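Only one chain is given next, in structure tokens, and it is the form deposited in one PDB entry.
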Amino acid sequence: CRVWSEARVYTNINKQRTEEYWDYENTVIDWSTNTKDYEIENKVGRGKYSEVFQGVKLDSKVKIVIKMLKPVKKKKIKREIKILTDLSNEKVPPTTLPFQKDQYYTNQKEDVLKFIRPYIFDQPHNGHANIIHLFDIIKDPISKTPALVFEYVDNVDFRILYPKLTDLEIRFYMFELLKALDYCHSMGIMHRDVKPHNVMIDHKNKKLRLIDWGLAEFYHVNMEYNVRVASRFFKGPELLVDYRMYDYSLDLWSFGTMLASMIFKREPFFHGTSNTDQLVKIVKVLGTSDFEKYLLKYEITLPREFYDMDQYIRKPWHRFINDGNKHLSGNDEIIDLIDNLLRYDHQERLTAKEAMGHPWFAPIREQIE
């Protein structure tokens, strides 16, 4: 990195907290052997490094899921566990406390204070309740294969559920996902793989849970992260141009792409044929002028794989409106919200609390108290 960057908000969480909280390397995992605790039933999904099953906790009869880990990635398993336990064991979640603006906008560069929006959801909330809960850490008593035990959510695949959802229900659920992001960011953690497949929704209960903490990482000031994270269609510009000094705002780009998909009924929204073409697809919408301005702000030189970039005039968002999606896309508020999330420059993006204060969410906010 030539030009250094820090998170706009929650910048120093992992200075405030110590190695006991964020040092996952120097943990020892107490795997409990499952001789009589959980009964494995039928498969409910597959992961990149796991096979996931529904089952039952034998002593209470509670329905759970068991994520059986395929053999390896030991250090990254320890990271997933530390993050999950950090998120569930916090006695007093920061996002339940009264808001303190000076402890929230913690990056005090003049250039960054310009991105503070005139609106913000500044109330306590329960976003902590929207992170999937880890209940146990086990090994198969025969195989010795390790597994994670979680809360079960009665999910409908997004490709089936989302086309059913009304404008108001989309607003409701996306607000819930923002609460979850605000909380995890307040705890100094970036999810780094936000996408519909990682958001469990039990519609009849209005219940949303953010799952798949396998790529999550602790935010450390000026740390250079691996950019081979997220999933292609949801990777932000920082990932694609190899700007390693990124932060929680990556999750807001992903949230924006998810939002844009839902509202415009175009899934995925940015459909690149390869990693390299994913960037081209973004630039073909956001335009080359602002792309070049971004590279220059950070003195980014593009990875070896890239050539042009060619000249594309920005495609305005209104261009994506059609008869099929106009009931979700035909108001000025959603356009503005999307435009404020999908920005090249990660510092420019809405934070979760900013986004939650946006006018598009007014009908959800009016129903809270």
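Between two forms, the rigid core is defined as the largest C-alpha subset superposing within 1.5 Å. Positions refer to the first chain, counted from 1. Compared with the form deposited in another entry:
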The other form holds:
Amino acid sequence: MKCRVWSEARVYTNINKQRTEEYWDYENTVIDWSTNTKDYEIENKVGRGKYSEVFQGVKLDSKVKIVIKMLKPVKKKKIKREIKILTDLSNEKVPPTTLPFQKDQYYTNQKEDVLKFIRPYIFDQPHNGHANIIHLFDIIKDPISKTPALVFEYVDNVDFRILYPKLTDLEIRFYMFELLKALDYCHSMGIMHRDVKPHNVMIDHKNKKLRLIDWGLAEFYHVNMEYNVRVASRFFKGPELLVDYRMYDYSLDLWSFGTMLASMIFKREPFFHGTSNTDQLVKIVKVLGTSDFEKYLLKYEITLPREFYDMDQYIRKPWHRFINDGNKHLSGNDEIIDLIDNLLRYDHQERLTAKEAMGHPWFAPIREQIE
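Next, report the structure of the form deposited in another entry; the form deposited in one PDB entry has already been given.
Shown below: the chain alone.
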């Protein structure tokens, strides 16, 4: 019961009032494990993360190449949550983002101060964002090792530290547009991803194919719910997580998207490089400035956690200052700077929504090629 000023999502506010217990209540599901990995031939390791080791394999009946995510020990409800979210997203018969746009059903937060953040531009067309969500094929648990495991669609992915430096301006615009479609869809489904970052974005470059993976930290959005702030990874944590504003929403994903984008555009990786939890906030404020930070704390009447009282006064760094000859081919236009500026805001309510971001001028060359 931490928050003083209450906050609600600007968009898609009431999805989980519309949808009921059988959709969002992951704790009261029972996982239908497959008793055997007999349907699969498990090959070599293709990746890892904080919560898993991931192995390439083949589904023997169809010969489809898959991955198997072997889950490290965690609370069992986290496993139920990942499975529920993945199945909700894949099993929706008519993805809401494929339907005709309805503004009154979109901008659902009707507070006067929140409505001022509606942008003059918006992508208002149906889209295939649901097709950018990784597909879960099976749930398996070996009888001998007792290891819970998730079988997914395989993506032929290269580490971002190898791929991203090779990408052209137009290719970054393309892929980041694909990511926004995925986010618009999961948000429309009343779900926050909460771990948006390069390692969780599979790209098969030769097939121009993008998948948003790793749904293990995702959560259902409920109006005025206070969430744990110890989620995501240090470098991608929004200001709300650092100052312990627990009543956050889908906009957290857009901060993460923005920080990922800022890294690609300015070629500084990671963009906010904190040496500790404390210093992570310092790295952010060093950029956005102390002045707007304090206005933000005042707006929500946030009592700053104890650790941040040794913070110095910082003058805002204009984005222009991040431009240099190494990156100017990606950063040297007004459009990208304005996009980044409108994503990376202290106040979560101020940030572009996925749909607004998709309608931003920077994506014009991508939108042009849709029809």
